[PDB]
Structures are given as C-alpha cells and as structure tokens.
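Apart from one protein chain that is not included, each protein chain of the complex appears where it belongs.
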Amino acid sequence: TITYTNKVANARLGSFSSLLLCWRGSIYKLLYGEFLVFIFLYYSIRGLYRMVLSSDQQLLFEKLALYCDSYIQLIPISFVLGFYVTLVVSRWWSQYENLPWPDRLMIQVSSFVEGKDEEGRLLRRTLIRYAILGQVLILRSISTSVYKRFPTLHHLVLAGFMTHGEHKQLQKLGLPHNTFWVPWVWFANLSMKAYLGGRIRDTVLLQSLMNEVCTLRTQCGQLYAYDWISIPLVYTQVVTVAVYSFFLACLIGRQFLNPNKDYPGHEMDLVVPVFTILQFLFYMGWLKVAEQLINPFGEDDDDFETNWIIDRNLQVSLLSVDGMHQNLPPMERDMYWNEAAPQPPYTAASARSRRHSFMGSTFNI
Amino acid sequence: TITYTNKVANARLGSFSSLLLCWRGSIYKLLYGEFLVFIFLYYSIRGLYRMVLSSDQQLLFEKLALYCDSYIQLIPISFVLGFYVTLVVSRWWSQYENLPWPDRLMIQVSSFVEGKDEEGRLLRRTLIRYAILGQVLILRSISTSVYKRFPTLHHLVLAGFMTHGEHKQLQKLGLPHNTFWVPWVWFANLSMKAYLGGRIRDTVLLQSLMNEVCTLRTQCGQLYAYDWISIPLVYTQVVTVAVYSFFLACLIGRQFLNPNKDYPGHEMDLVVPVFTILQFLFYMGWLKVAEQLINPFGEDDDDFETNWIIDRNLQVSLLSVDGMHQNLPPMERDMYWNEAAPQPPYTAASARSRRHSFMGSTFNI
Amino acid sequence: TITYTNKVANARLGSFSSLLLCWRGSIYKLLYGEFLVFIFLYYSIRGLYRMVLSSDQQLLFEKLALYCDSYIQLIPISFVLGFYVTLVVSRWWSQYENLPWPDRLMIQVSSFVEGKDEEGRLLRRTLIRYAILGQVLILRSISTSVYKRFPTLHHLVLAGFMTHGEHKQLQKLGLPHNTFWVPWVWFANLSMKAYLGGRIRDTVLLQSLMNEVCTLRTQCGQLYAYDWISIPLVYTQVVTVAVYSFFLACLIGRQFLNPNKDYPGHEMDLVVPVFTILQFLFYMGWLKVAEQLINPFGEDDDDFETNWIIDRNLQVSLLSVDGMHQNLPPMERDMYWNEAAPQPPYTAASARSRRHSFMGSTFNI
Amino acid sequence: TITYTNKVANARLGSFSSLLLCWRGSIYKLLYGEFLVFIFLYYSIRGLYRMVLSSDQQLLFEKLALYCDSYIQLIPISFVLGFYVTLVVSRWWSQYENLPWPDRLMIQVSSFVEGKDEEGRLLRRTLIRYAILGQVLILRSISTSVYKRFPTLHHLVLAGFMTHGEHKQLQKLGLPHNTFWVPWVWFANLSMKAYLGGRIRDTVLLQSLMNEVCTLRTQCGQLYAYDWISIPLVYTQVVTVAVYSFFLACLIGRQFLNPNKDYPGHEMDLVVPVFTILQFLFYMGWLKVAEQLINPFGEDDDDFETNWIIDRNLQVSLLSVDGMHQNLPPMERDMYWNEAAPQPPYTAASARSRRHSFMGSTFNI
Partner (left out) sequence: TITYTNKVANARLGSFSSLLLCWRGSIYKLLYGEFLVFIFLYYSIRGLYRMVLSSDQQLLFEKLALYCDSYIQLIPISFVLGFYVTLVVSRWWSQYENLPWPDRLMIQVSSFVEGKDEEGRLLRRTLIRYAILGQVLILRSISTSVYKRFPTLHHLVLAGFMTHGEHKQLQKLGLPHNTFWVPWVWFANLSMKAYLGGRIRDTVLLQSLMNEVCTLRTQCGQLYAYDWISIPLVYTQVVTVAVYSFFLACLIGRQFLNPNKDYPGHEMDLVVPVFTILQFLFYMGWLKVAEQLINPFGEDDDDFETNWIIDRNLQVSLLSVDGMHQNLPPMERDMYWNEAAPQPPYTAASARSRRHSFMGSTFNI
C-alpha cells in the first residue's frame, strides 16, 4: 500500500498540492499508456483533415464535427462514475475487514491451556499452528503474490507451515472441493483431546475456545465468498461504454476547425487541447480507481500486502503461546500509590494541548 | 455466476477494454431482442416519412419532430436509474449473506458429541442431516432450479435427503403452512435426548449447540422474508415509464429531416444513428442490471448456483461428523522448535513482495 | 402485499414491460383521482383563454405564460425526490426487520422445559402464550387492521388470546401508560417458578431463556419507537411544495398558444399534452411511493399483512410446544451409510445446472 | 414531537395535501421571521430603483441586474443541501437509538434477585434506582429541558431521585470530571454484596446482570460522545454561505426592470414575485431541517421529550421490581386445549383482511 498519512496531518497551505508530484501508485503511472494512444489518434486525425482531405470533403468533415458536439454531456457519465465507485470502495474496505488475525485466539491459548513442560508446549504450538495453516490455505487461493510464493502444497511443507503427516492425511479425503476447512475441524478434535486429560480446566473455557474459532471460520468463508462472486459483468460493461463513447466523440468534434467559416464557437486555432487533456485526466483517473480497487489482492501499488501478515502472525503467535506463558514482569508498587489525582507531566513541545475536561453542553446556561 | 476476478487483478492497459468482447451474461446477450424492435421501428418510420407522406404532411411531421425534442432530458432519467439500482444491489448482496452453511455446526457436532461406535455414529449423522433437510426445504420454495430438481417431496426421499418415517410423520401435522420449520424442532429434541444418556457432557455444550441452531433458523427466516416481500410495484413501474418514454421521444425527433429547410440543428443526413445506438445501449444496459438482479434465484447467467451448495454441504458435513471424528494427524515437533524469529523462504518469482513492518505513521517525525 | 417475484425470475424480452398492465397496487390506481383534477383544470383554463378572454387580455395571458416557463426546472425537484425516498424505503424495511417471531423461543421452550403430563403441558402452554400476548398487545396499538379486529380488551378474552384472571389482574396496575410490557414480566416470574421445582434442569438454560426473551422485548420497543417518532413535518412539507409548485407552473405555461405570433418555441397546436401527461405520471408516481410507504401498517395493497402472522404464530407455537415434545421420527441408517462421496441424482429438466466446484481464482495461473 | 402517523396510514386523494395546513412545528412557523426581512429588502430596493435613482444611474442598475443573473445556479446549492441533510438525519436517528431504557434490566432484577421481605425489597429497589440515577445524570448534562428542571444536585435529592447519604458520598471524590459513571460502579459492588449472602443463586445470574449493566454504560457513553463532538464548523459554514449567496443574487437580478428597453427575458411587470417566494420557501425549509435536527435535545416542537421518559421509567421500574415480584395470574387451561388448529374469529369490519398463507414463490410453477 501507499501511506501518506504523515503528510496530511494538518491542513496547511500545500498539504494537498504537494501530493500532485507523486509517481508511485498515482494517476500519471496508472494512465500513462492510455494517454499516448489518445494523443496519437487526435494528431493523426488532425493531420488527415488538414492535408489529406480535399476541399469538398473538408465541408463534410466540418459538418460531421458540428454534429458530434451535442452528444458531449457530463451528467450521465458523472452519475455512473460515482454510483459505481461507492460500491467498489465499500467492497474494498469490507474485504480488508475480514482478514483473520489470531490475536484474540493466541491470548486464550496462552492463558487457558496449562502445563509448563513437553506435551504442553507441543500441544499449544500445534493448536496455534492449526489456525495459521487455515489462514495460509485460504489466502493461497485468492492472492496472486501468495500463490507465487507457494505454488504447490509441498512448498508449505518445505517452508515449515505444514508437516509430512498432515500433508499425507490431507490427501486422503477424496473430495473434489477446496480443502481450506480441514484444519478448523482438526482444531476442535485436538482441543477436546486436550480437555480429556486435564490440560483444560473447564468446559466453560473449552466453549470459549470453540466460539473464538468459529469467528475465524466465518471470516475465511466471507473472504472466499467475496472472491467467488464479483460485481456483475453487465454493471461493469456499462461504465466502460459510457467513458469510451465520450472521448470518441471528443476526438471528432473537439477539433480546431478552419476559422474562415466564422462559427459561433470556433474562431481560434491552438495546437494543443489543454482543456481536453485535463478533462481526459479527470474522467480517466476516476475510472482507474475502480480498475484498481476491483481486486485488492493483486500486484498493484495500492493492493493489500498479504505476504507480510502471514509472516508477522507466524512469529507473534509462536512467541506468545510458547515463550511468554506464565512469564510476567514483577509486581511492584506504582508511582501514584497514595495519590488520588495523578498528574503526569507535560513536555515543553506539547504544552499547548492542555485542555479542561468537558462538562456537558448545559454547563454555561 | 460469471467469474472474471483473475482477469482484473492488475490495472494494466487493457484490463477493462478486453471485457467488452464477452458474450455470456453480458449486454449483447441481455438486450439482443430489445434492439431489433427499436431498429425496425426507426427504419419503418423513416421510410414512411420519406415516401408515404405527401408534401403537406411532411411539414406536419417536421413540426412534430421539432416539438418532440425539448423533452429529451437526461437528469431525471439518470436519477431514478441509480437510486433504484443501489437498493437492488444492496438487496442482492444481503440475499447471499443469509445463505445457510453448516460450517460452524459440523465442527461442534463432530467435537462435542462423543462415542465411537454405532448409536454414536447414527446420532451424529442424524443430527447433521436434520439441518441440511431444513436448508433444502427452504431453498426448494424460492429457487426455480432447485424446485425443478425436486418437484415433489417423494423426490427428496428418493435422493436420500429424507427417510420414509420422517416423510410419513411430516404429513401428520395438518397445518396449512410451509413446513420449513419442523426439522429445527426435531433437532432440539434429538439433542436433548442425546444429553439425557451421557453422550453430551455438559449443559454448557448443549446450550452452545442450541445457540448455533438458532442462527441458522434466523437466516432461513430472512431468506423467506426476502422472497415474500419484494420491491413495491409502484417503485418498479416508475423506472419503466421513465426509460420507455425516452426512446419513444427519440424515435420521432432523432430523425434526419430534409436538409433543404436549413434548421440550426439538422443539416446532414447520416443513414445510421451511431450516437443514438450508443445512448440506447448505455441507458438500457443500466436498467437490465436491475432486471437481472431483482431475483437472484432464477436461471440467468448471473444468478446464484444453489444446486451446487446443497451438494457440497451433504458430502462435507457427513465426512466431518462421521469419518473425521477423533482422527487427527500425529503430534510432532515443528521446524522452528528452538527459533524465536522464524524466517520462511521466499521464492524467486515473488522476491519483490518483501516489505518492512509498518511501525506507525509518527515513526519518522 | 403484492408478490411478483415469480414473474421476474429471468431477464427475458418482456419481463418488465408486462408489469405495466397491472391494476392492483399500481400507479394507475394510486394516482387515479389526482389526474382528473389536473385534466379538468388544464382544459378549463384552455377554454377560458380561447373564448372568454378578449384580444387585449390574450396578450397579457401570452406574456404571463412566457414568464411562467423559465421556472420549470427538473434538477431541484429530482433531488428532494430521491433523497426523501431512500430514507422512506430504509425505514420501511427496518420496520419489518423488527417484527417478533417466536421461532427461536418455541424451540427452547419445547426442548428445555421437561415433563410429559399435566402441570408440564400447562406450564409450557402458558409460557408460550405469554409471548404471543405481548406481540398482539404491541401490534394492536400500531396496526389499523388489527385494532379493527380487537377494538377492546374484552375481544382478546373472547378470542382466546387472554384469560379472565389475566384480564382482571392487568386492570389493577393503575398506571396511565401503555401496558405492552406486562406479559414480559410475567414470563420471567413464571419461568423462575418453573425452575424452582425441578422442571428446568440448569441455571444455564434459565439464563438462555431470559436472553431469548430480552431480544423480543427490544424488538417490540423498536416497533413502538418507530410508530411514535415519524419523519419531521418540515421535511415532509418541503417535498410537497416542490411537486405542487411544478405542475402549477405547467398548467399556465405548457399551453398551446396562438401560432400566429411566431414564437421560437410554440408553432403547433395539439389538443392533448402527451409529453406533459407522461411527466405528470413519472413525477407523481415517485411521490406516491413515499405516500404509500410512510406507514406500512395501514390498509393499502402494499402494506404488511399483520392479521395473518398473529394467526400463524398461535397455531405453530402451540403445536411445537405441546404435541411435538419428545416425539421424533425413528432413527435409521441413511442411504449413504458406507459412501464417502454421495451423488444425489439430477432430474432431466435440471441437467443444465450441473457445475464444477470453484477452486479459487488463482487455480488457472 | 409531532405525530401525524394516523393521518397518513392510507394513500388517499388528500393525505399529503392536508398536511400543508399545519402550523405547529412547520415551515410557516420556522421561517416566519426570515421571510419578512427578505420582503422588506426586496421592496426597499425596488422603491429606491424606481424613484430615488436618476436616469443615468438607472442604466447602471439595469446592467448590474443583468450581470447578477448568470450566477443563479441550482445544482451546486441542491448538492450541499442534500448531502448535508442525510448526515444530519442519520445522526438524529442514531442519537435516539442510544436512549437507555431499563426494560431488559428490570425484568432480570425482578426475577433473579430473591426474597420477599424487607432487606430483599430494599435491595431490589436500590438496585433499580442506581440505574435511573445514572440515566438522569447523563441526561441533565445534555438536555436543556431537563437541566431547567434540575438546575442543581440538591434538586435531585428533593425530587427523590437521590438520597442525602449518596449526595454526600458523591461530593467526596475530588475529581474535576463529570460524575455520570459513579452509580454504575455502585451497582456492581451492591450486586456482589447481594450475591455474597445468598440473595443471588448463581454466578451465571450475576454475570448476566453485569452484562446487562455494561450495555447501558455503553449507551450513555455514546450519548455523551454525540453531544461532545458535533458536525465540523467548516462543514456547517459552507452550507449557509451557499444559501445566503443565492437570495442575495436574487434580490438584485430578480427585479422587474423597465419594459421599455425590450430585453429578451424581462417584458412584463408583476408587483409580487410569486415564483421567487416559492423558491425561497423550498430552499429555506430544506435548510431549516438541519437547523432543527442538529441538536435534538432542545426546546423545539420536533425535539425529543426527555422529561417524560424519566418519569415513566421511575414508575414502571419500581412497580415491576417491588409490587409485581412472585405475583402472577392463576394458571388455567386455555380455550384451545384440545384443538390442533385454533381459528380466532374475525370481526365484521375486518373481514377483508383474510388471506391465504404464502407457500413460496415457486408454488404455482
């Protein structure tokens, strides 16, 4: 992704004007190849009309250009563009909201499952690995950058996400479906076996663990559904025959005709259509928002970095459930042990952020 | 459904332009018969005006065409179209969000309900069948492709979704209502009988199972409500009068009149209305989005494939609760048993996805 | 309600065109009386201008009609209409989402509360009646068709929804407020009395029942709030002044003036304003959507049928908790007892719905 | 609030037309003082132009009026008005959705907490008073009509909402913050003391009570946040410099100039701007929706009546937890004791509401 939050913290004179000089993941990079084609077509038509066409055909071209001018309307195109990229943006955010994080699960696995020895460490590590395996399995079927990293299920065994026995057992199901639901069923059976044996104290804690697992299952299912069902092709094909039948009209009709005929609209010849290039930029960078956000798991500059979250999770979970169990800092008296109103100091550079407490909107009256 | 997610992963030069050459489930297939009628009417009127009408009646037709030209406005038509297909799209997505999946229920049935023998296997299989039966019963009343597959309740018995005893019992209720609520009541009684007998350990687990069943009941009820209550006919009949009273005005008024009268607008005769055909495509493919999404359980190309999810569920649930109970892969030491920061390898084709961890937006300052 | 879902399943040639010939609950019935008034006023003014007015006053009328022609604008009227009926539609759907159904409660009452004899049957029937009573009490205060059916609280006693003792006790509260909250308090006390006595096994089950009751209480409160607080009168009176100050301008200004003055816009006299009648239909059927959905508990054709859901619930609940307790079909071996991949047959008429399982969007690459 | 739901139940001929003759809480009352100023300014300018100005200055005024006529545009003003009052309306509804009602708490306090004597009655009454106290304390800091009723914390003691001991204890905290969070902490300690002593049977019930209290705490916090943070002043100041720079242009520019100069637009002199007054009404009653809903806890006619809900709650809760505990109507056999399909009678005035049960949309096919 592209992060520019630190550059727009305050509304200064040039906060938004300085973002127009950005190259990576911007308008100038996304619509660089669609501008050359437009310019080449425009100048080819201009040259053909200026020298190739004869005097009699010049009048026909002039009348055709006059005709192809009442069809340049900006309301219908600005409506589809804008009712389309609100749905696209909402889908883009909801796709990120469903990314699984084992943060509410590693806490409970570290706490509830007891025992500080082997067969406790092994059990906790297996329990926390069975969820990262499911997350990797679902992400491999939707993310191109992750599929490139793990092109086959033997690569998972090589990378340590799997085990030889697990890989052998996963192949003995015989079902012609995606196998991203199997580790979630392994987790429940292993947790029940752990409970039968005195490692989990209570059925209350066991039910809490099951409830935590079901949410991750639901989130993975939602990601799979979003990938499977996309915005209908009839809706997608309407916005690109609304923005491609507008610059086509512009090409023949936004042409500097001969100024000897004294038209009410055309009386000056500029070489470059400065006010048409700006319209092209504004009306194409709006469509390239949808063209980029319609699948957030690609290899763009504004696509989710899924190869980093499956690396952070593997380290954080294994450190939380193995090396940080029953190991907490010493318990000591605080600084404000006998103070009823603690007053932490303010630094010199942040003395202007001091404020009084809000006490209701009717306090003054 | 039509899946094109793999073709729009990246925003390249021709990602959206190459989707305009698609036939299955597209504009060219949906409005293929509504274009021939328009063309035939246009050309019939043109021929009649050109030869059938006399000189005196030509002036009347010309004045009528001039009159039928100030009523071609694009804002009121672009507002209803756009405030209608946002409601239609939201309803279309919410209808899929309520599809029942027994994924959170097969896990708990496989885990909690104990016993590895007959009368345990039978109990688990019956418990998991009583939910697929309810899902099939609700889908048969709303999906045309499923009703065609199971036209009568004897077909369910033949297909194995039901049993002779259950089919005989379901007919002895005598209520003139839909019977999609009965298996959910059978499930609770069977689960209570299982608890009374030592197959379920705790009332906590029993309550968890009941809580899981109630959610599926709510989702089935929501699907039934969505099917029962549709968008009001007065709202549907308004958008069909605003897009049919626009091409009617176009037919008489977007006609190439005689160029010997020297009108300010019409001075050239083209045979084919190229810029009217494009408007027709853009303004009719927008209405055919609603025309297609107003009932997602039909036999279109962009309608939910409900005949595949009732086949996947039956296999997956029965494999999870019967052949995968108390059968988990061996417990073994991991690859990173004594490593605090695991570093899974990167493939050669995905070495450009390496990134540093994000450490807050205030890190640099 | 009006159901037309079966007629719009597929996007065929005449799916939306055939709905324009519907009478019940449609435009032609909702704005039948508002069209006669408009036509009568238009023709009266036309006749007065054509014969009553003198030659000198004809010029004044002509100038007034010219003046009342620049105020016919379509954007401001199409904005309020469209930002109003999105709020109206969302409120209309949220009002249905809060309808209480005792489907998650009859299941638990049938399962948890034990005992197959008198004093068990009586207890279960009373527990399930105390919720239908509250639903009827809340619906009687907001639905006209239900108030007409039960104009007084003695009618509830006559109809069997109540009892003489309960009716006598409810009158002995002495509070000048609505009494739709009393059965919910009776339910909790009766359930606690049932638990004290061995009819409910566990406090876990008791708490589950209380949690189920609280949701119905919340839904009834939400229905009461929606009925109590309506869309502000200032917002409602603004859309009624924007659509009544537009046809008023149309009446004087969309008139076929004398064609002897050679105006740039008016040069032909048609008897009937065909393109004004269509505008009237389109701009009045849009307001009559809000006029119909602003209170969904009336006696319209697109209003909720509340008299049927209080009849279905009474039968279904009493059959579930009384005659279907501890009575389930025999437990038998399934058809696919020793088959790992069941393959239910496909009928001849639905052989085109066979599809392969989706296996991720990265499978081909 | 203003309730007109009973007058718009059905879509008859004059349902919406009869609401234009309402005075209380309407357009004519909200914008009564802004119309006199506009009329006075318009007529003063008209008189000055007609008599005070000389012949040479009349031409300058005429040219200025012509210039101030191309800036009367209706799209930019109809966009901000309409994107502002959607946010205002959603905030207005979400502010009511967070009003605390102790209906789910009085039920559980009446049921779970046992004992029918003193020290049980006292405990239940104190527990139910500790929540109404918190609701009153939060409402007093945001509602003007409630602050006027309880201007000081001694008024709460006088009115019975508090006690001398509690008022003395609340003053001994020494924190310079709002004290609307203290009764919620008193509730938990009192409930734990009640459990330690045998008045609450189970820790399950104790946890249920704590869960119920936390929701009310969250709702009160949300109300406080909504009051504290308002719509940004820059957003508010943009809509009122876009509707005040439109009637300013109207004042000089919608003036009936001298008809002796033969302008294409102005050729007739009417005394009163009938079509400008209507525009003023439509464009000012739209802004006065936001002006009224931007703070729903004022003293308007469309503002929440918070002084009645703190009076209903105090009576209902104290009747439920004190006089209605372990006191339920006699248990008797129902009317349909041995009937499987009860058929409640239909009244003569509601015989047209009889309908058949819906049996799926695929039943006919």
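Each chain carries a letter (A, B, C and D) given by its place in the written order, and its residues are counted from 1.
Basically, contacts are C-beta pairs under 8 Å (C-beta built on N, C-alpha and C of every residue); 3 or more make two chains touch, one makes a residue touch a chain.
Of the chains on view, those touched by the hidden chain across the whole complex are A, B, C, D. The missing chain, though absent from the display, is touched by one residue of C:36, C:37, C:60 or C:175; that residue is C:175.
Summary of contacts with the chain left out: across D:197, D:265, D:323 or D:330, the touching residue is D:323. The missing chain, though absent from the display, is touched by one residue of D:20, D:45, D:68 or D:274; that residue is D:68. In the complete assembly, the contact with the undisplayed chain comes from D:235, out of D:235, D:263, D:337 or D:363. As for the chain not pictured, it touches chain C at residues 140-144, 147, 174-178, 227-228. Residues of chain D in contact with the chain left out of this view: 3, 5-6, 30, 33-34, 60, 63-64, 66-68, 70-71, 73, 75-76, 79-80, 83, 87, 122-123, 125-126, 129, 144-145, 148-151, 155, 158-161, 163, 165-166, 168-169, 173, 175, 177, 181, 184-186, 188-193, 203-204, 207, 210-211, 213-214, 217-218, 221, 225, 227-230, 232-238, 240-242, 244-245, 249, 287-288, 291-292, 294-295, 297-300, 305, 307-308, 311-312, 314-315, 318-319, 323. In the full complex, chain A makes contact with the omitted chain through residues 1-5, 8-11, 13, 15-17, 19-20, 22, 25-27, 30, 74-75, 78-79, 82, 85-86, 89, 96, 101, 103-104, 106-108, 110-112, 201-202, 204-205, 208, 265, 267-268, 270, 275, 278-279, 281-283, 285-286, 288-289, 292-293, 302, 312, 315-316, 319-320, 324-336, 340-342, 344-347, 349-350, 353-355, 357-358, 361-362, 364-365.
Rule of thumb we're sticking to: only the chains that are shown with their structure count from here on.
Note on interfaces B-D and C-D: more C-beta pairs are in contact across C-D.
Same interface as B-C, judged by over half of the contact pairs sharing residue numbers, among the pairs A-C, A-D or A-B: A-B.
Contact of a single residue of chain D with at least two other chains is seen at positions 340-341, 357-358, 361-362, 365. Under the contact rule stated at the top, the pairs of chains that touch are A-B, A-C, A-D, B-C, B-D, C-D.
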